[PDB]
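Listed next as structure tokens is one chain, alone, in the form deposited in one PDB entry.
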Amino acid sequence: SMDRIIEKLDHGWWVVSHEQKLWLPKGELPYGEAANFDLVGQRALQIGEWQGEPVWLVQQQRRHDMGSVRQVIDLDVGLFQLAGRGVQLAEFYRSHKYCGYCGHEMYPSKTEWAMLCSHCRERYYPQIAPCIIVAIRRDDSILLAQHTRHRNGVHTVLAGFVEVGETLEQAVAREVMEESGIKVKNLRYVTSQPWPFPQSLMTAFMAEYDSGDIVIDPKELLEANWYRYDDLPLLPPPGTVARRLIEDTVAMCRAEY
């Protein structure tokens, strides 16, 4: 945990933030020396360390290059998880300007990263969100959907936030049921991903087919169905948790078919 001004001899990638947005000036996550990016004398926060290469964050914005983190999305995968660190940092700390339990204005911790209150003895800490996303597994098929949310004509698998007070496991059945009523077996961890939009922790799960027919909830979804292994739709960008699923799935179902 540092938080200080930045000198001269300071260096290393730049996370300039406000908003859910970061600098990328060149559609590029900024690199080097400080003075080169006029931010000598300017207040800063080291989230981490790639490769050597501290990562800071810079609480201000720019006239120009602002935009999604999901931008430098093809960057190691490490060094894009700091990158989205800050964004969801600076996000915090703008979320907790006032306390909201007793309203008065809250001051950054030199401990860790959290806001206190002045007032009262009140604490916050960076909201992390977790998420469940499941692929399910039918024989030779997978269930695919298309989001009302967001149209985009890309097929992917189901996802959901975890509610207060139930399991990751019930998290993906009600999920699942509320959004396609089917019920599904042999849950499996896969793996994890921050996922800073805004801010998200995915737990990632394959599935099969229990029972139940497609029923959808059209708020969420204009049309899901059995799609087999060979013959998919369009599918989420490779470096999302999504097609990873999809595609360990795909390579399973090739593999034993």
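Positions refer to the first chain, counted from 1. First, how it differs from the form deposited in another entry.
- Where the chain switches from one rigid part to the other between the two forms, the hinge residue selected from 146, 125, 198, 79 is 125.
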Second form
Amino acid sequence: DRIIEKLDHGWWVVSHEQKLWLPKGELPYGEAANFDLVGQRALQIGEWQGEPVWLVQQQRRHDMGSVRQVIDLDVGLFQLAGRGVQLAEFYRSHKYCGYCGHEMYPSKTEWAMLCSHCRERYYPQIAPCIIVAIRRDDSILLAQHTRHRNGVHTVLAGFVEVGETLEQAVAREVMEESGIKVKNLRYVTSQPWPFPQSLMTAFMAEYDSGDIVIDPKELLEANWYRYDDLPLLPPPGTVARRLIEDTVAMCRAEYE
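For comparison with the form deposited in one PDB entry, please write out the form deposited in another entry.
Only a single chain is listed, so you will not see partners or other molecules.
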């Protein structure tokens, strides 16, 4: 925890309220005074290729966007940046203590909120998430998400809920977004996600029953595409893509 000076340079995660500053569509890299940043509080969340990445918790008029606007920067950088945004949001939600109501402060040893008056603390929360590829014979369920809009067709995902298992989270999510029923869930892998903090677990499923009834609020559209007649997909390096690949592998195994 330091205060920025006139020769300070590197990567700057300037984050307010779920968004980060992205001038010219860029994650800012350079000197502090070039970014109107001198005299502010900055935390170092790590290093990219030997250069500090800083979290500055300040609002900016223009060019705030989503961290998943830097995904194609480097996954490693995105981990840093998403981690910054999460840490900013963590700090926002814990200025006061939920116990006793007096102002809290950041632990400089670890990454928690400590407390002046009382001795209770808070730690970052990890949200369990399911993600799933659904298979129906020669085809696989792909879909365009509403909030996304790159014209990509990916798999289904949703948050695990209270009192339920991964498998049940998959079944419910699939029921709600698509309106179909699945079977023979197979765990594939897991992958942490920076913002919001979450651990997604990857599942293959196969179609059991039902017709596609998209939640239009959530899904632009959903369709069964054959394993060799696919549309655009999430980029290689992403979990969703790996799942789709695994499914295509299943289909190939049966029909070729």
